[PDB]
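6 protein chains.
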Amino acid sequence: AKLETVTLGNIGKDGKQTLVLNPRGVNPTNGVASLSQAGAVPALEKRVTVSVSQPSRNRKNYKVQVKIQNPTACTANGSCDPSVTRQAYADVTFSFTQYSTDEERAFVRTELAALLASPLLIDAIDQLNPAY
Amino acid sequence: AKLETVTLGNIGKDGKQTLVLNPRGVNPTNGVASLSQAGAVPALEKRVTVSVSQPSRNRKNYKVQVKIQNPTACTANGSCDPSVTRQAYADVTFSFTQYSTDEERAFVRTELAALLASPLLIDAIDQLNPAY
Amino acid sequence: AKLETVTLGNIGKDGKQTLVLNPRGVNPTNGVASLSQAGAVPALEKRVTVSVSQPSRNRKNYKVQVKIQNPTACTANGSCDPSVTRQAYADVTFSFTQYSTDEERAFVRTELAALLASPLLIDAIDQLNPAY
Amino acid sequence: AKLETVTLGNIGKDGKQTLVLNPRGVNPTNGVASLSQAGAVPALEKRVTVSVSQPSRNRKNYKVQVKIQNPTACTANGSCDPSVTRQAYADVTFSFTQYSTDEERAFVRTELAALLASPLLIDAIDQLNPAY
Amino acid sequence: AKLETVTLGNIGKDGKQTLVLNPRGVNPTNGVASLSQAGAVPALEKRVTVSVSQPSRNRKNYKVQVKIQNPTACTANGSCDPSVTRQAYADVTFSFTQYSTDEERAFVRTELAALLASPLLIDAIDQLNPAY
Amino acid sequence: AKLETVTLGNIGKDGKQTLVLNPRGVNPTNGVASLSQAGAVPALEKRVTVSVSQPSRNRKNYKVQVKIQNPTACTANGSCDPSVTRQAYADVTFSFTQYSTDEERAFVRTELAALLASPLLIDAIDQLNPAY
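Residue numbers (the entry's author numbering), protein chains in the order written: chain P, 1 to 132; chain G, 1 to 132; chain T, 1 to 132; chain J, 1 to 132; chain Q, 1 to 132; chain H, 1 to 132.
Some clues are possibly wrong.
Claimed, not checked - Using 20 Å as the maximum straight-line C-alpha spacing, the simulated SDA-like pairs for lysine to any residue come out as follows: (1) G/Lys60 / T/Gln37; (2) J/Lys13 / Q/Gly39; (3) G/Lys60 / T/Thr49; (4) G/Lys67 / G/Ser95; (5) T/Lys46 / T/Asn22; (6) T/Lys2 / Q/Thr29; (7) T/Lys67 / T/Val20.
Said to hold, decoys possible - Label pairs and their in silico Cβ distance ranges: (8) Q/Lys2 / G/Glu103: 25 to 35 Å; (9) Q/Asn22 / P/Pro55: 57 to 67 Å; (10) Q/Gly39 / H/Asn30: 41 to 51 Å; (11) Q/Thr5 / J/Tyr99: 50 to 60 Å; (12) T/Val20 / P/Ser79: 38 to 48 Å; (13) G/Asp81 / T/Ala73: 53 to 63 Å; (14) Q/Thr5 / P/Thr93: 42 to 52 Å; (15) T/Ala73 / G/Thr5: 32 to 42 Å.
Simulated from the structure, these hints should not be mistaken for lab results.
We put the CB at the ideal spot given by N, CA and C, even for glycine.
Same shape as in the complex, but just chain P:
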């Protein structure tokens, strides 16, 4: 799963904009991989972090944590540094039994990708529409 630049295009309500997710690296103390390198000033900018586990004797499974961060910087009208006042984002945790089938794992992946394109979740997220 080489941490190569990921470009996610055709995103937003109408599928019109893009995000560059250019890798900062993988953390040596915890296995966490993260995508940044936007050229933009830190903590105001959009970031994507994906961490993984090993099929450890203490878990019997493999996990993937996918967290997307797209905070808004605001900026007080005065002083110095800008700062985030608004959070607007999501965190997907996956669990795959170490003895699971790869296709089962592959289904879970795309099932979410497909739900994210489903009118029910589109309305629940973009319009904040109550299900029914």
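We have chain P; now place chains G, T, J, Q and H onto it with these hints.
Relative to chain P, chains G, T, J, Q and H alone:
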């Protein structure tokens, strides 16, 4: 958010399998959508929960969670009553503040679909890979 | 009483403004339709709640309820994300006998629209004068 | 808002009927003033009664309460009390704060008239149809 | 089982078509899906509604409840407001197994449809005869 | 309501099976039909019973109830005495006034058969799809 036409396509390594969910109602006391058209029996295995998109004064901030179960059950040796042995489960929280806009919420939802489509999450899930 | 956009023509003291009440859905634990215009997580959000129901046979009658909310606040000067501090609203409950026809129920609905547009209710706002 | 006769045209199921509500006054210890059919008996049958604040001792608030009743009087089997019939009232409240503007209040009054004319309330009231 | 108008007939002893249940929608708090005849007055119509299930994992029994109401009303000796003097009724609940099933329920649904034509019920129900 | 073996055709999803319910006497109360299937195991597992309306008395001692019970066994290889692992069931209650013609009684049984054959209940019961 009307419950209708929810089919998840491009499921699996080949991008060819589908799962039909077309939710047909929500939990009457919680506002929780129940997604599965797997079959009279398979609907007890292949399941998606999407909730709670219903707004409130005691929520302020907006949150939706999606719970995806894609289990395989094994038939008893020489008997009735098959049961699940393997998952292949995902659970995502979408969390936006009280003042968030639709474009940012949408950005993330479509960003996740694009991210799932991206090779980084294909090898992370199918080969269980750290990002190298 | 479908979850279709309701466009309200000419409103306000001089009959000049209009609303587009983009439907969101029915809040399932409450059973009430909800329309709102921007789709932002609400504070300063126009909101319309509508329902028709059949109470249990302790009440033995039919009801329709409508609530129209008009929140407002001043600018969060020097910062971001202003809250709602003031709200005006309509709240109408229509209580009907189960043996009544649609036409009389309609008279109650239509007479109110005709009366709301009449000089007495115009003065009970414009001047804020008491009724005699 | 001293009462005056109000002619409510374009009313009922087809939006084509006319009903005239003539004033009935009392010093409004009971804040509700009355507009009703000329009578003598119909005056006590089809009526709208209206209370306009005059905020209470709690310094709350500007409001208007309109109560609309349109019974079907019926003469049958030799009786002498046709005026005793089917209920009830549409209880209408225009709810405001203390220093709401006249424009804010007017929107509530005219938005409601505009919504009463909308298919959403037409079907909820005449056919008693649910939002689905 | 999307609600749609249901036409029923050859129900009475004359073999004639009778019954059409038109308005549709589901009360989401109650889990009750309508169909009915009240073109104007609800209190005089015929109704068939179904309780629409979604069992917990501690039951898995998707009970379907078919509620049948067939009231008869009179004016006859009066000028207005017909009201119910007699009512025929049925209430049928269908159980489901803990692992679900398929054909076995089809047998129960169709067994009952066939059973209702059995000479034992024709007299046990039409003449109220004890079986004997 | 003479006791005779009841033979019902049109059973199952394709309408091709036949179920035969042989009398087992009437003593829960006189006339409560007890009809069971053929063979030692079906004699334990599959049956239909029918309740009995009484001579006047307070109208509590009424309501024909048809109970369709279809438990089914599973066996070990070479096992003697099969036992139930699944049960399908229909709890069918009828209610009439003591004055309800003869026609209404017939009407409700056939209306129910007409509903059971309807796509609305085919999907609610065989496909487990809520009627939304």
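We went through each hint and held it up to the structure:
Distance check on the hinted pair: G/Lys60 and T/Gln37 sit about 18 Å apart at the alpha-carbon level, within 20 Å; holds. Restraint check for J/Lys13 and Q/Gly39: the C-alpha separation of about 13 Å stays at or below 20 Å, so the hint holds. Under the criterion of a C-alpha separation no larger than 20 Å, the hint pairing G/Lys60 with T/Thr49 is consistent with the structure, at around 18 Å. Between G/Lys67 and G/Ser95, the direct Cα distance comes to roughly 15 Å. Compliance with the 20 Å bound is thereby established for this hinted pair.
For a cut-off of 20 Å, the pair hint linking T/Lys46 to T/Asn22 stands: about 10 Å separates their Cα positions. Under the criterion of a C-alpha separation no larger than 20 Å, the hint pairing T/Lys2 with Q/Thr29 is consistent with the structure, at around 17 Å. For the suggested pair T/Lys67 and T/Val20, the alpha carbons sit about 16 Å apart, so the restraint of at most 20 Å is met. Range check, Q/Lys2 to G/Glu103: Cβ separation about 33 Å, and the 25 to 35 Å hint holds.
For the pair Q/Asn22 and P/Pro55, the supplied restraint of 57 to 67 Å holds, since their beta-carbon distance comes to about 58 Å. Taking 41 to 51 Å as the suggested C-beta distance range, the pair Q/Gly39 and H/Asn30 conforms, at roughly 45 Å. At roughly 52 Å, the beta-carbon separation of Q/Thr5 and J/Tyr99 lies within the given 50 to 60 Å, and the hint holds. Between T/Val20 and P/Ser79 the C-beta distance comes to about 40 Å, which sits within the given range of 38 to 48 Å.
Roughly 60 Å separates the CB atoms of G/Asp81 and T/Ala73, a value that falls within the hinted 53 to 63 Å. For the pair Q/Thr5 and P/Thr93, the supplied restraint of 42 to 52 Å holds, since their beta-carbon distance comes to about 45 Å. Between T/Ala73 and G/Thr5 the C-beta distance comes to about 39 Å, which sits within the given range of 32 to 42 Å.
When each numbered hint is compared with the structure, no violation occurs for any of them.
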